[PDB]
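The data below hold one chain only, encoded as structure tokens and taken in the form solved without this ligand.
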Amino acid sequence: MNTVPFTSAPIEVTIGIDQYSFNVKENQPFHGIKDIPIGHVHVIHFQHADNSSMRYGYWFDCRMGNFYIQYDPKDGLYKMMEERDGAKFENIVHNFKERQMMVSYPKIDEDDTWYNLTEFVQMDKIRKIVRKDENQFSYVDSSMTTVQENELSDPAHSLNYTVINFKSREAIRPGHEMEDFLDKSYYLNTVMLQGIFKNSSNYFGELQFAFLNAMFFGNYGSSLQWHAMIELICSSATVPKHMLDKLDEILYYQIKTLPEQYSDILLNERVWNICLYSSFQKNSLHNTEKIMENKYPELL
């Protein structure tokens, strides 16, 4: 069990940690989050009382170092930082725990939700999508645009998701236009899985990461990315059986975890209706389809 101490909380802010979240008041004695589960990535995120715009946060993994949060009154935000002095850091964390000024990562033992949502997400891949190699953690916010979005401005602050484009030379072999556009197996299995992602785990990992950034920051390009990766699988006639079963699990928890009130911007009607009801894989997402119909029958 690991700890993320906070120097202080000078401004009133909603703090999220994974799917959990707390209201902290201006200069409330709040000094961090403890009992964070080792073995998964985590995201700690913020929404200031005064600016319900720009949600922002930090992907991190506590095995990769001692991280803490500090408010910056110049840049106006809660920043994640790394403490290199291991002794100095255990000292801060101990004193704050003693004083009992930390919230406990509030995991129900029955609950695999966070595992399920992060199963394939690996910090090393996140840091290629969010390139800032001087830090071990990754910042994301509501406004960051993706590389594909940029091509259609500031590269330092971009989400470098793998570009998927159904009407591109990459996607379509000369002479197999109709075949490959109608049946994207080639694009999925050779180009993306064997070529770029190397395996399905990395593929699924980017997919969950994209989903999570859309849910937690309302990052539109990440939503786009998630739908694209789902659509590519669902519009391939030939998908390994183990991928299909895992996809049905992946999407189910993502749909399960979505805030009900957000299903209107976060769920692309076309993609989902196509995937569940028209695509080659219409019959391979039983759990995802059952949970979509019972919870969001309007969209369909």
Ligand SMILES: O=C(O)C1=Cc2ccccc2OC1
Contents of the next structure:
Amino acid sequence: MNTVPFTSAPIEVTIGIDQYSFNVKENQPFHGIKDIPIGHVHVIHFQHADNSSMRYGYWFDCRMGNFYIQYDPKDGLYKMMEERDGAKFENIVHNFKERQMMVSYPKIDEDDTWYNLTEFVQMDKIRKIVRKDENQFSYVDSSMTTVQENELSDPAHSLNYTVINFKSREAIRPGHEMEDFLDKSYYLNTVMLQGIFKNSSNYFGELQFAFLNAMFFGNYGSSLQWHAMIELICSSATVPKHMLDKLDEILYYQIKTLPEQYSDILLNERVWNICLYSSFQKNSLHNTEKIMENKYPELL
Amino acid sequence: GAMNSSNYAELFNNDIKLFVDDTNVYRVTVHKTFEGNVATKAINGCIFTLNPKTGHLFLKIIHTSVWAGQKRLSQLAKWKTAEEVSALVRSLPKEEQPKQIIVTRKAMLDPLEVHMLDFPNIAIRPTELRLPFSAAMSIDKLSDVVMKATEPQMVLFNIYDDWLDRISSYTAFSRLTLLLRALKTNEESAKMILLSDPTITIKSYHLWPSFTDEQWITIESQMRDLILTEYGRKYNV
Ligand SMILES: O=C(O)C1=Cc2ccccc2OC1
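Okay, that was the form solved without this ligand. Show me the form deposited with this ligand bound next.
Let us now look at the entire complex, which starts with that chain.
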């Protein structure tokens, strides 16, 4: 069980940790989050009570170091920092918990949700998409644009998602124009899986990361990337069978976790109708189809 | 963006542009089979690609053999149109290649954009203009060369004949669209208007009769009258 201590909570804020969230008042005696089921990945995020503009947060692996949050009154945000002095960190963490000043990571045992959502999400791949090498954790916010968006204006603050463009030379072999546009299998299997991602686990990892960035930060370019990586699979007539079956499970948990009142802004009507009802893989997403109909029939 | 009539004069500025109409690419005759069913037979078609400033028409004849053994022909026809337009562009010297291609049917946008990936600076656009280029096969000499073809073939025409010696490109396009709209609306009567006087002839190297300026005025008013008359008949006005 790792711990995220907070120096102070000077401004009223909604704090998320993985899929959970709680509120903290202005200058409330709040010193952090304890009892965090160590992971392979985690996310702590913020939305200030007095300005719900800019949600922002930090992806982090508890096993990569000891991390804490310190509010910065000049930049006006809660900043993640690393404590290289383990003894000092133990000293704070074995004490403030003893006081009663933090809240417990409230995991239910039956609840495998967070890891069904993050199964293929890794920090080393996260740090390639979010380029800030001097830190072991990765900052994302509501407003960050993707490299792809930027090509259609500060590269340091960009989300370096893999560029997917169905009307590009990368996606379309000369001489196979119609074939490759109607059946994206070449682009999925040779270009993306063999050439760029190397395996379907890395592909699914970026898909999951994009979904979570869209849901937790309302990051629009992340939602675009999520939908594109789904559409590429569904619009391919040839997809390894293990990928198809796993895709239904990945999407199901994402739809399951989506806030019910956020469906107008996190779901693209066109992409989902195509994948569930028209595409090559329409009959390969049985459980996602079943949850999407019973939960969001208005989109379709 | 899409085209229309706010920016209708732009069609005649000095950026080269081409209209592409695909409505006569896949053409069939519908008939009844021995077992009672209904069956289609394809006949030759054509892609209509027009420079509206110069009148240059690149009429690519689509021979029926290109459909042999293919399925989903109405979809394939969009992709075949796109393939031939891209081939045409590639065969033109750089200074003759269009800066814009305007498709008369929005279903052509994706096929053409995909075939035009090598030309990122060529804009592919739809239009909100309703254009009557589907009636191109009412022009006798165009119909004849399409129906007589035994192999894929490109034929070049100036669809304005010699009009640009005397009028502007804007005026010539308006005359062309008026003529074709009349032929689309009431073809037999439109042809009669044009051919009513045998002393006015079509030159071997032209598509339309050699009217004088004053005769074109009269012809244009008879075509307007034809289109208006048919509107009233259709809607009981
Ligand atoms: O050295 C550290 O890592 C910390 C110092 C500190 C002090 C009080 C509350 C939280 C803190 O966060 C951790």
